[PDB]
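Below you will find one chain, with nothing else, as structure tokens; this is the form solved without the ligand, and questions on how it binds or moves follow later.
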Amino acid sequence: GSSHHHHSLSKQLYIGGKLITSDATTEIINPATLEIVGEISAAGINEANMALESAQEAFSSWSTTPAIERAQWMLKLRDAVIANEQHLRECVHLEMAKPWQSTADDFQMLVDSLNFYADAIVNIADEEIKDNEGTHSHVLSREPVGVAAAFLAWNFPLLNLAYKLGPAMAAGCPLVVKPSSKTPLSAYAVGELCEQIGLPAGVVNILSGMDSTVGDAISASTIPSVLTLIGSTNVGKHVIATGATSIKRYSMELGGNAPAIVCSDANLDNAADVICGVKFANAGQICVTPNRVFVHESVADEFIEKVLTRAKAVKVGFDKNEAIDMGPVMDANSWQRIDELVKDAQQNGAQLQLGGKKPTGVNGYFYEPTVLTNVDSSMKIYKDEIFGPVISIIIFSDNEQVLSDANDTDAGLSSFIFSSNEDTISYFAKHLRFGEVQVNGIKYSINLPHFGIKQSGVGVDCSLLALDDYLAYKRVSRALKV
């Protein structure tokens, strides 16, 4: 699976504590059935400015609301999320054809984050700093930073929202949320729940619209003190440059290219379950999933056989009342991009062992579980992020050489090492230039920090560190001799 361990189809914008319409609508098409599943009120530049000014107007009172009272609001919203679980998961199911069991990750992370950051914020304590000369006292404290704006990717609509909504509410930062236009229903539904519980106006705002107009207007605004993004590396560079109209804190999780190293002493059944599980969950559209699977030559044939067995057993389709393991990819551009990487690999010598096409007799953006062997470092599927249900296998023999190959990327999100040797595990854990090194498994949770280095982004999601973006320091220094 994803290894994220837990702890009215017409919707309007949620701006300024009210549900409002606009001058335009957006029809949402299910990527499996290609049928319209709903519509949202689409935001324009005028609606973006309304959300920003409403968030700014709320900052003074929301940031001075005691932390215990802000937590009370977070738990009241949590209780409404729990009471409306079925509709929230149905929104994600419809907008992106995510399997019904897979929608539990989105819903439950929303509950977990609300719980985690409501509990963490009431435990924040001031810190005293020693004065080496004995002349002054020093108290270090943390205060809300300002208005925050969040651009969410479509792969996990409610989980991505949970990563930002939790810390912002807890840290008293009025939040402007732009869900992806491909998956807005579930976020708009959260906005309906905020309106239902009577959340103070401006504290949370949810609006979707076109990127080059609404997205740029949020970035170029001088109101936001923090701009946070989950998306592509090129969009991250666009947000940084566009947000330069003022001084802003940036934090983003961008593209990855995770190497997975399976050694000769590795538990092959466990390595196969872990890799296939996360490579086919959400159809491989996962930031931390393996992108290049390196396998030792001595266990290559046996490991490929174990991978094919699991890949053939993946249940593909779109049916909430069946045990579907994997759905389609997001849209047509994603399908053709994945297919171009797979076909280019074959044309350069890679061997297709399974999949590599759309299931016959279907029209949605389905791509079959794919297994590619004989992949080398000169191929485009090696250099680029697949973000799809494709297992690409590279054969290695020297631990020192495969370490250099694993590091031969600008990405810096996750990485995997499967081995039974303690010196081998220690060797790769220290030298892998990645934010996360998963040993003999994979584990993510609201209390564990999730982050990338290098060109995979800035900042941390989950854990107490996620509050860093939304809290600013203050040093009060007083002379003791008055």
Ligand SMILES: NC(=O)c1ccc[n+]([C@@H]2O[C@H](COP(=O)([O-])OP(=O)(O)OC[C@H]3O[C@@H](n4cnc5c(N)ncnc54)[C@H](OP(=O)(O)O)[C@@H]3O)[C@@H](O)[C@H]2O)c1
Contents of the next structure:
Number of protein chains: 2
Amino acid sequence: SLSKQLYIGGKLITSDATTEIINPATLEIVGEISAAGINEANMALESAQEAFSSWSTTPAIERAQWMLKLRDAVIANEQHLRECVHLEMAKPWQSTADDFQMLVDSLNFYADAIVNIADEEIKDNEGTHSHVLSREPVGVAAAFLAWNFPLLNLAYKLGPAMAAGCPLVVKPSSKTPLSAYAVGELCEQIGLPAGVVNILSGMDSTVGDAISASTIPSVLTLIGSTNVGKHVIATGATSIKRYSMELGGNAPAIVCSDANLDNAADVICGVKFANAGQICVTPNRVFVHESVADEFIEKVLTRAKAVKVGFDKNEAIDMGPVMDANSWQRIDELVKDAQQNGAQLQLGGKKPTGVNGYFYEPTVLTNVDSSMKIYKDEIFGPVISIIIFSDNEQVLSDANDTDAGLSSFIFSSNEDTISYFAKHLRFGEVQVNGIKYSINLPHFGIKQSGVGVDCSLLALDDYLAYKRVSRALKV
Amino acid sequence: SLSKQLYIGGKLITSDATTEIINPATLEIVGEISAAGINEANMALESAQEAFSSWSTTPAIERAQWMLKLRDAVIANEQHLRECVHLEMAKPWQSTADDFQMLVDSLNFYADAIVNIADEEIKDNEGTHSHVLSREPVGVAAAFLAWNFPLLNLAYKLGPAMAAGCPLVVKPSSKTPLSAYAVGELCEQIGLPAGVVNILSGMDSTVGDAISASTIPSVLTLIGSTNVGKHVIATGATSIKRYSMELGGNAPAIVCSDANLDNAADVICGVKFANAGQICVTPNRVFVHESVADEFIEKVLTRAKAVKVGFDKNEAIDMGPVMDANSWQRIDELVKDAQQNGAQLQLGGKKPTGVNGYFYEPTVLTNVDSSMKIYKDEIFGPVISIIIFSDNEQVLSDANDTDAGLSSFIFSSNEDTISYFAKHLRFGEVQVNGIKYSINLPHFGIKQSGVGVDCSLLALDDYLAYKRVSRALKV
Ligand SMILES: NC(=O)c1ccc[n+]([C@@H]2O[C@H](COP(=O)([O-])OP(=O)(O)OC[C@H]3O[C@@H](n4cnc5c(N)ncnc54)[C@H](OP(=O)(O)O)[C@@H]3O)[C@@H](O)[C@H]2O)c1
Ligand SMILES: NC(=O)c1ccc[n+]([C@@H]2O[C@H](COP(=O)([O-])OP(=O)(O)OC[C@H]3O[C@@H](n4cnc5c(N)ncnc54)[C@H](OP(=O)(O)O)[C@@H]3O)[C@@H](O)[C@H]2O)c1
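Could the form deposited with the ligand bound be given as well, to go with the form solved without the ligand?
All chains and molecules follow, beginning with the one already shown.
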């Protein structure tokens, strides 16, 4: 049941080609999917377009019931969905719960949110007209998803698009498409109307470019890198479209003099090694003060040494391997470039001895400065990069010394210090003394980290168009 | 006082080039401006960027005081501002009040709006963290403005950008730059901080493309045509930017059998001949039922024949000329092409004899059908294009048979017909039995009419970025 077909137009159809999924830990074939071509891409766009007139006029409560029906099928098929993520990217068995649960959480949140949307009246200052502001479905939506959270990233778009009445064309990453294809099988099982949801994977220069260049979609959304976001914006300029982009980050983490070093180490290591550091909001530059530098490093090394690395559903594995060889080499060249410029390797910086798979050990780097490539670029790996600072006003300028604008962290027990950083940090998210994300809390970045919001009620703004109906009262 | 210079970096500077302004009625040189080049365009972008650190950190109340101080200078120079609009495009003196008053209304609305912005807390469903959602200035904003309302189009962007703390680079139309250059003189007069507002006019291939392709602006906004919107989106893809575009329209106006014909003729003729029909929300296709066809045309003709056409500050002129020869020729070709395919010319259709200037007479055309070019394309002139329908469901499909999604009009006395069209009309605005626009009422389009809103509190959304501050409660 791991040889899955395309879900286009409410039907499970096969392809002209085929792509196999290879597990990055065992490097064996774990499944195959029917790969889409330009013809299959146009088939999904046309079926999504034809379904707009009926799906957008379907009452919100009826759409919400279709979402809850898919949610019931997702809960019933929990083991298969988590196993799909487990096999396609060697994600630890317990961390696959985050992917699966977010899909249930998203379907629940936006089924309930859409039935609470109400029109609003605008006051006429002249007393000559009445005005009613309503919200309606925009059109077809197309989504390109990163591979780091296959089902979570899918949930961020599937939930809102279904609730807002927008037929959706999903393109999962060719590296992790099995779990999304399984969701399409669930929509075919419950009998979801044709064209509402379409799931296909294919080559970027053909399938992906064709979906963006098409004049059918009204909204293009991407969870990925900044460079691909620029390409999608330019490629989609064949028509006027909405863009919702959640792109790369370079999160600073500031551990101050008065910070709880045990809490800062627990939080930082927890998210630096979960998903092998392949997380958009994880710290990329760990700023540590002089007076607590040596004490904070000893705490991070102890936690890093206690990270269970491997690939086994039966075992309590904490961290798996990175996605593929390109990721492994990119991370390794950043660690090795830092050492040649004076950085000190305290732990890791290599693959375990004689191990099969693209595993990278929990790495701890010190003596990092602003001129190194590991400082300017997004690591997206299990590398804790530590920079020593002394002054708060200087570490703030260094923290803002990046084109990214996603997440950021400040660890301190001083209210004047917390207020100072929370205000002047140029990032969409400021985490204070911890980390927290949820389906109801908005996730977003500013500057080059994208435009648009995932989670919370604001995620519906990309899929709903306003309409003002103004009526003359005199005649 | 009709030779004005660039307003860049808080100073009025000259250039090596000059653009002469010709009145489209008298065809005489009425003024001259210092034309900007690529070097001057980079001077404005650099000064706007350097101003962001200080202008964005200026308190909202203090920024609103600068807006009200500019408003006072605007009110003091009301005659000169309306004079520049009157001379650059031959706009009737009575109609120059709309441009002027909207600039005062916009500065008033958004100065009061920015001081009432408040943070919002978000509930944590787990009780482990606190969350505060705030809004902050995004960055530098650049605006390209259409010529049809020089000061009103400037008002829509200047008001929000100043209030939201975003240094603004404005490029007015090369055809109508005098009025905006005078606003920059008022800015230099009151001592507005340097880089907050920059006003330069230049060539599209050089000045306009260098502004979009620059990686400095965070927001690119355009009041113009759809094809230019697509060009700005692609050209701005050198970095991740926000796009706020209010583009072309093709408004249908449905006069049903039960409509007040006197009210429909008053509303349609008023906005069809105001500004010589060079209004984006004006009806482009007038649908009239068979039973009221002969009676509605007679009412429209008597109102069209009563339009005073000319160019005189001391006379109550209702309508002036179109913008230039290209506009005149484009409109004339649509009328002549329509007559070749069966349209009946009832009035106008030509320039008045002997008169100087690009005047086009109030024009009434009947027997228009869906195949004609004047039906598929935006007229943007003083031409009332009349199509006759019989079935309400058919005219609704014809009304929606367009790529545009701006304004739309329904004239009826039946509540079931009004509700039917108000729901199924796929347009941003549905005007019932009249027309209403104001600084507090949102103005926007859907589909290819662009993305983003002008006027209302929603206009601040393009210039304000969110920020979530989450704090662990246990620590
Ligand atoms: N802001 C957030 O919430 C968030 C969340 C997760 C990740 N991220 C960011 O994502 C990045 C890592 O993800 P990644 O390296 O997989 O991103 P990526 O290389 O930019 O790819 C992202 C997705 O876009 C697809 N794609 C690539 N080129 C395309 C084209 N020309 N047309 C259409 N689609 C195309 C890819 O499919 P293929 O895989 O088939 O090429 C992939 O599924 C990091 O920078 C991280 O910061 C951000
Ligand atoms: N939705 C609305 O609220 C609204 C309001 C007003 C008008 N409109 C639309 O605007 C259209 C008529 O205006 P128009 O004929 O002036 O439209 P246009 O030809 O697209 O010009 C719009 C503005 O953009 C500038 N521009 C042109 N090319 C550019 C480039 N490459 N880079 C930067 N800027 C550039 C033009 O400057 P130059 O004049 O110097 O070339 C002009 O000021 C109509 O279709 C109407 O529907 C819409």
